[PDB]
Every structure is written in structure tokens, then in C-alpha cells.
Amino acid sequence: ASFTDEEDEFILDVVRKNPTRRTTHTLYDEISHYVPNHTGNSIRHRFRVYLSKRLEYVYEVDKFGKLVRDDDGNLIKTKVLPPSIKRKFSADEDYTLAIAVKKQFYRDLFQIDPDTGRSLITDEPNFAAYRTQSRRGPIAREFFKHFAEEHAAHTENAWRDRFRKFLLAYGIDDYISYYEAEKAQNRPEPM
């Protein structure tokens, strides 16, 4: 659906009051709760392609991102954007995403559960010695929605682009082997 002048100014006012959370997914999810028929990603695109063009200014915040006020308790306008504070991805989080995506490729390919070897109900090779190769595969939206429920540190959205932008570029097999090698008397760094 479309955005009214009201929805547009509200989205702008919230981003100006939250400078450090402008590149997150969560801020737009929080905004969407107050905007009828719009998802968080719908609000995020609306800001990235249109509203960010006329941000004009943001409000002043401290090192923690909380709003700073004058001696009258009024907000202070500014044109200096503060650092985009975003939750980072650990090598462990990156691994679990590589393992989980390999497990889903396996299921979809061999119709055998990777964990037990049991057969699956649909509409043999070793998992460890299985290679996803160049497969980007078909992944349902439900995979990331369920994967965020298990790993709520990052949102389903955030997990989705970690796989498309980093995981698929670094290589699933490539990162799994890398993570394991460093695990033996070493510590692995995230993509």
C-alpha cells in the first residue's frame, strides 16, 4: 500500500530521534507496529529510497545513543550523523548459519534427516562428507523465520542477508571447513 504525509513524517520523526539505529532492521519493525498494513521492511525501504533524501537533520544523542537535551530539556537539531550502531555477527553465529543451511540443502536433496539418518515425509551420503557445492538452493521464508526464533540475537531479516551477502559469497563448504580447521588449536573469525 502507499504512505500518507502523516506516516511519512512519523517515520522521519522516529529516525531523527533514533540516529544510531537508522541502519538496523528492528527500528523499522518497531515503527511498523504503529503503521496499518505495513511490514518493518516496507518502512525500511520507504526510508532508504525516499524519506532519507530529506532527513534534513537528526537529534543529538550521547555515546549510548540516548537523546541529549539543552538546559530547557528541548532536543538539539544537528546535521552530523552519529555512528550507525548495529549488533555484530560472531564466528559462532556464522557457523551455526552455515551448518543449518547445509542441513536444509541435505533434507531437500536426499529427503533424509542429516541428524539421525531417518527418512522424511515429502509432498544416504554422509552429512559431514556432503558438499553443497555451488547450490544457492531454494530456501523457504519459513527457514529464516524459524532460524531467528532459535537464534533471537538477530532478526529473521538480518539472518536472511547474512546468508545472501556473506555466506553465499564466502562459500558454505568453504566457511564450514575454515571454521573447523581453526577450531583445532586456533580461534575462526567471522565473514
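Numbering follows the first chain given and starts at 1. First, how it differs from the form deposited in another entry.
- For the rearrangement between these two forms, modelled as two rigid parts, a different rigid part is recorded for each of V80 and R162.
- Relative to the larger rigid part, the smaller one has turned by 118° between these two forms, according to C-alpha superposition.
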The other form holds:
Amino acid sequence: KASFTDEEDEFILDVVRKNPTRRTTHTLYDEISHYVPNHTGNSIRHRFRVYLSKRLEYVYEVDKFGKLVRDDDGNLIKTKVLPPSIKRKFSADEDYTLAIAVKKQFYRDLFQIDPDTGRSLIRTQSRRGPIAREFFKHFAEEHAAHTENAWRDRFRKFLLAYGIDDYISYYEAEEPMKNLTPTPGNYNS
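Given the form deposited in one PDB entry above, produce the structure of the same protein in the form deposited in another entry.
What comes next is one chain alone, with no partners or other molecules.
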């Protein structure tokens, strides 16, 4: 065991500000351990999380390519607005928006009738698919808070698990689906 010096703490803080989107990873801290060998990713993360976070105060803004924003002379831009992290959580709204989209899909499939009006394209369920061609690709485009892969897995692992109708009755009856799924996150010496 080794104590964290003020110098090291300020180094950890600086690194997180220049890599804000990685603030909640483990890998960021494992990399930091390369420069401050007396410590490990685990101790650095914990040190940051529990002790140093109250001192972050600001991070530097990054662009859409994950890179830092630099000006004419190469200076950075401070911000109290954290950028999006690596993973985005699903919201109840999102779950409902997905379930409904799938329900409408199955409705059109089975009845060849428009769910909104009743126009001829010429309820409940307990079927998995098949899922229409490019359904998730287009769902992602229209709702880009998650990628096509994220939406698809959310449908497979959570929606199909909880049940489309069940979730729709639940949401409307008023939140997100949950807990329907070497040990990772252990970057030791």
C-alpha cells in the first residue's frame, strides 16, 4: 500500500478533465497507473471516485470525434457540462417508443392495416418476430440516443423477456425495464 500525494491527485484530475467521456471507465484509470506505478487502476479509480471527484470542478470540452477542443494557439476550453459517457441508459419513454414501434410492425404484418387510421395496406401478442428488414437500423436513425445494436439487444434481452404487451399496459397504466439479463472491472496489480 502507498499513499496518494497531492501531485498524483492533481495528475489524476488533469487526466480525467482531458478525457471526460472516460471518467466512469476502469480502463482510463488502469492507464493512469502506467504513470503512477505506486498505484493501480483500482486504487486510482476509487481515489478519484470517492476523494478526487469533489474537486473536479470542471473538465475540458471535447468534440464529436472524441477529441479535445483546441483554439488557434492550442489552448483548451473549460466546462462544467459533462459530455456523454460511453454507455447511455434506457429510459421508460424509450422502452415504450420501442415496444409500440414493434407492436405496429407486427400489426401491419398480421393485418395489412394501418394502426393509425385503418387504411388498407393492400391488440396483444406472444411472438418474437420475424423483425422487418432494417427495422432496427431505421429505429436507430429516428431515435439516435442508442445505436442499432443497442436497440436490438434491448428488444431481445428486455422487451421480449418482459413481454411487449405487458410493458405497454404497464407504461400506459401510469419505470424502465431492468434486471432481465475473470470478473471485469478489476484492474489490479
